[PDB]
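Heads up, this is only part of the complex; the chains shown haven't been moved.
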């Protein structure tokens, strides 16, 4: 039976800190003109299949680059390429028998689990309705660098403020922060709250950690930002535009709610002009571009762990 | 002048058995964590062009994987990519001068021959109107494993029963079976028979073999299945659905017509629910998934033979 990566919920706190340290390490070596021994030709002769249900160029760029550093071949199968004209069972058994890994994006989560259930090779979740494991790893890599033993990244007592809609990215970030002893506070409009199944996974993630990260739920943005070390948002039709009125991240929101003097900004891209101001996006406060690049380093770490080390994280 | 693979009609019985033994051999070595010396970096620095006229994801998956095991690069050029805005002559001379091989799928057979006629590198037929060489090699690999000197795979006296429409796949399978001393019987509705040009190639394939495979043509399914070791079908609008009434492969058809006690089932995928029953498809009788995977092993064998060994099969 192969081990899959569907959500941060599948990782112990130790396993998660290790993926992040590895990405940090590989990044420092490769950006100064060297190759890690563990990675050289680790995937040569081998194919990784990328299955995408809707366009996702950004995700493609980093998976593609990560596979190639390991000397493997990335295979793109988009929405014009591939459960419509053939059962989901069949597609799953057949493709997995001629590749070494599947990186997959689909719509509903029920879809990805069924695929993994019958795959004979490790499946990694590129993005689904409720999870986004690769993004969390990138985001914590970024946090770890900017604020620079085995079961921790030394981040205990930090505060993250999320302002906007409750979605896939927040869900996994929340689960990670809890394991790392980081406090999270979430501001959303009435009707756009964290689903209670997600609150259940966050709570279960508390088990066995001596100082877990705490969860705060609010309707008022000025409340969330209080004493925040980092502020995060995300992309949000007619119904929505009126509802998110005061939810735009601005300089005036930080001072008014009382965030830390040196608060930093994060958004996982692409960015539209509704969620955040130009002044904020392009300030020295903004970790946006390093965060985007850390996708490359997070994919290398994850693929080494799940494909090469067949799931034994070290 | 380069040597092409357009049909099993181009192969001697010895050359065909050798391609099958090679695929079997390479499969056993690679699935137990080793590389054959003959294959390592055999295609490095080199590009193989894949030209597809209509979607064919399944074929792509195996060609892509096969090229990469040899350390080469597979280039996908689909129907939005490439004889409409430029003569067929020109396209053929130009592309072939910057690659080492073309794996091509087109509509009419007249199309593929004209391309090959002016290519300066070996062309392999991925699928056309009347032939499908790669499929036959896979199918005989499968048969050879399940029922486990140079001019034979030791299969003399076996029976294959084809029930359904007469198409490209059957044509090449028939030509192969004849060379291998395997008996084939074909049940089709009135109007959907083997074209007499095909019957002519089967008959010509008889020449020089001491015990050739025999051909049987019928309109009644219960007649074909008599004493059959294997039963095969394939995907089959308004006109057709009424015509194939009794043609659905079922448990009740095997017993009624008198097939062997341990008859096995084969279909080259994708499968729809009209040709065969769920009960049959998923039984221990069904070699469907191994048959699908044997495409990978058959491509490695064929590309080694035609591209690396420049057509000298050994």
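Observations on the structure shown:
Order of writing sets the labels: A and B. Residues in every chain begin at 1.
The criterion applied here is as follows: contacts are C-beta pairs under 8 Å (C-beta built on N, C-alpha and C of every residue); 3 or more make two chains touch, one makes a residue touch a chain.
Shown here are 2 copies of a single protein sequence; counted across the entire complex in this file, the number of copies is 3.
Here is the rule we use: only the chains that are shown with their structure count from here on.
If you average the CA atoms of chain A and of chain B, the two centres end up 43 Å from each other. Touching chain A in their complex are the following residues of chain B: 35, 55, 57-58, 60-62, 64-65, 68-69, 71, 74, 269-271, 289, 292-293, 295-296. Here chain A touches chain B in the complex through residues 44-47, 49, 73, 75, 77, 80-82, 85-86, 90, 93-95, 97-99, going by the rule given at the top.
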